[PDB]
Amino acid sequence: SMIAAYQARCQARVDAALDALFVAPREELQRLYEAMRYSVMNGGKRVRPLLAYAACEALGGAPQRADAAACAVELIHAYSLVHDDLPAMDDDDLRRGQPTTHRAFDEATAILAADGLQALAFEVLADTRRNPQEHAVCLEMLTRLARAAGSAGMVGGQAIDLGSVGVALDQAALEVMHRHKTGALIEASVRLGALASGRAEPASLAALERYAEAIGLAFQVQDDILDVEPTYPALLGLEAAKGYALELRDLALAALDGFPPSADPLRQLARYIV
């Protein structure tokens, strides 16, 4: 497909940029940096970088402009999964058949590596060589990532989740959890790409935000559906869940009304998800 090729391009590109970030500045830090590299360079699909690049293109920006954005959102993502894997959280020994970072190294080193990955996400955005936007735009990219990654966004979502165990969530509560835990960062990926284009305007930003809201949820619905083929199918029944995923794809496509052909990657992604 066109989307398969777009994904593969985004993945090669961001991977090359990320791989360069993990050189220990001195010998004593080698194992720390190897854990950082292990936590990031793990064959992930890089959906968040794809979204940054595609949002950048949708507004007419050359995609290399979003390199730093793409790296930052992937760094946030990766750190979040390392902390999530720990015994006090999800306690996961394996991710796609490979040991998780605390299992491959040790729990302290995993905690620290991921802590350093979060810092690096911000470092890369603030670095006007790696992220060479107008300074006001660099700051807005930082602001948006920090809000989305923190306790009002992704980390907050993780807290809502742990605070809902043993409660039977209704759909509205489930969606509140998803919008925080995964939606904030998806939205920030699109927002930061769009900002990197050097052509953002408030109307186009608001429309891309509607797009992102839609596809973020659509990812979760469809994930639950593929698991079958407190979940969307369990709440709704399998068939109504499938209908809901199509509704989300339609909201996503509608948000892109008026965009030029250079938004086709975002349209194609919305279809691919469902």
Contents of the next structure:
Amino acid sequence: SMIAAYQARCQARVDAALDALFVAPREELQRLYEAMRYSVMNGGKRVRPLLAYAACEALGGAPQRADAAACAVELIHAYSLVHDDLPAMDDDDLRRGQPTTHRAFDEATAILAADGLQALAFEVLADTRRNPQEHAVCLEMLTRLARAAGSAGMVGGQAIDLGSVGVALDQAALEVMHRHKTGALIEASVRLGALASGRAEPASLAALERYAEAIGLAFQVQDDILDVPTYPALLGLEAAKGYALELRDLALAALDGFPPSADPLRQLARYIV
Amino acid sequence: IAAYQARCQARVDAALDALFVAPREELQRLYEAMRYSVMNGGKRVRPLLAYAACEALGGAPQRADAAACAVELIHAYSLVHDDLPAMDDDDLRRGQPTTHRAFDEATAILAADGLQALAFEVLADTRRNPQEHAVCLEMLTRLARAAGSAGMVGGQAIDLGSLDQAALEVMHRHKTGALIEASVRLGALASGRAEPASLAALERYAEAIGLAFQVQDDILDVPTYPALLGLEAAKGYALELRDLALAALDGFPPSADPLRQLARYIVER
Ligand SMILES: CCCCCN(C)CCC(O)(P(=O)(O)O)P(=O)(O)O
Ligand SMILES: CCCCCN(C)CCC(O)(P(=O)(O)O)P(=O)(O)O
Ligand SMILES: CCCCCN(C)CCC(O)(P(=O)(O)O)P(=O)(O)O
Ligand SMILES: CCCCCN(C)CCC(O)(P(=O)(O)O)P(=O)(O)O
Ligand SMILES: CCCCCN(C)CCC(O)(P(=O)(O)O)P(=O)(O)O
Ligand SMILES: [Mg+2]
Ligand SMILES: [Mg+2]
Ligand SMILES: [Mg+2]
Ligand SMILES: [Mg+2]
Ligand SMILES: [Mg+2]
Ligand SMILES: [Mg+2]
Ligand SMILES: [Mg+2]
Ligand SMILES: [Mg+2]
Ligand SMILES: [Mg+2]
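Would you mind generating the form solved in complex with ligand BFQ now that we have the form deposited without ligand BFQ?
All chains and molecules follow, beginning with the one already shown.
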């Protein structure tokens, strides 16, 4: 499809940029940097960089402008996975059939590698060579990423998730959890791409945020459907399917008035379901 | 400078205290862990440095509030992770349960991850850190490079990956030097009066004191400086480091006295 090709292009672009980020400054840091590289260069689909690139092109921006945004979101994503896999959390030996970072290396090294990837995400956005936007915009990007990645966003989601082991969640609570744990970063990816366009305005940003909210949930509902507290458990399988379609429609409706260059976002919304 | 310290401490604690309000109820416990990890009665050396660097260059100290917060937030998150079972495995810090004991291990990992996000948030926030934009960006750049795999986190890995004196110093310069230097650099930037020669002088200062802390702590506890150099020679080196710090400040005006007093204080403990 058009979306499969767009994804492959986004993936190649962000991987080339990311690949350059993992050279140890000196020899004693080689293994730390190898763990960082292992944690990022893992053949991931790069959905968050796709969203950044696509939001940028949806507002008329050349996609290379969003390279730093794309790297930063993926660096936050990657660090999150390394921490999530740790024995204190999900305790997973494998991710996509490969040894998790703490399994490949060791637990200390994985914690640190990921800590350094979070630093690096902020580094790339603050770096005016790598992220050559107007200064006020670089700062806004950093602000939005920090709020999305932190205790009010993604890390908060993780805490909500750990804090409801034992509790039977209803749909509202499930959605609170999801909106933090994954929504915040998906929204930031769209917001930061849009900012990288050089043409953001408040109406277009707010529309793109409605898009991001809808697709972020649509991802979760559809994943649950395909794995068949989950959406099908709550609603039954057919009604979950209906809801996935309702979310796709909300996303497409949010893009009303956008030009043909927003097609990749429209295509993705449909693809998800 | 015990009184200057206590003032820096009260200033930064007031600003930090305001950062730990959970946006909603489901996040209360996370935010409590964050607070517990920061509001721990720490001496706030890094904020003292940021404030004092700012004043050394003629800047009113409140201009450095965000820098002070950011460096302390990085410092605090680093302690939580350093205390974990996979690293130093400490049950206590300053006689109190470590965050992973008071709460739980996942919560401690997460609380600290959110402190690191928050440090960058505070510097990028033009209300809390109201400098010129290019200066905000430069502060963020320097903190990110200092906190990350090329600085502080690198130092942790070097330590775990381990010694002659050169190698000990490589380790220290990453593990603690990078963040001490960033604290001084960020305060200096917050002054609005930074210039390259002064920034370079202040960096020499920070390099010297960072090491002076480590040398003197090893001396007092008697791969340590006394083991490596001999006890009396380590004492000599501590003085040498203090003098390098004071020399780096030669030609700064009287408002740099707090930095001078700290250099002496370190080696007089
Ligand atoms: C540490 C913050 C992570 C926030 C959510 N991540 C996407 C976690 C990764 C997951 O999607 P994954 O299935 O483990 O990949 P989880 O089910 O554990 O939530
Ligand atoms: C080895 C293949 C395992 C399953 C692969 N996907 C389900 C992983 C995607 C995820 O991590 P996510 O939480 O769905 O986004 P999941 O939890 O569904 O697994
Ligand atoms: C990422 C970790 C960087 C932290 C560097 N030090 C401040 C850690 C704390 C120590 O000083 P502490 O004595 O545990 O407080 P350490 O001796 O373990 O280095
Ligand atoms: C295996 C340790 C080699 C690194 C240097 N030290 C001896 C570690 C011990 C410390 O971190 P600790 O706080 O005493 O555990 P120190 O502050 O003495 O450096
Ligand atoms: C780099 C600033 C040093 C400030 C003094 N330290 C807190 C003294 C205590 C130590 O030596 P200790 O291992 O706690 O005894 P640390 O490793 O924490 O530095
Ligand atoms: Mg998980
Ligand atoms: Mg998991
Ligand atoms: Mg999962
Ligand atoms: Mg320790
Ligand atoms: Mg340690
Ligand atoms: Mg200590
Ligand atoms: Mg020491
Ligand atoms: Mg120690
Ligand atoms: Mg010791």
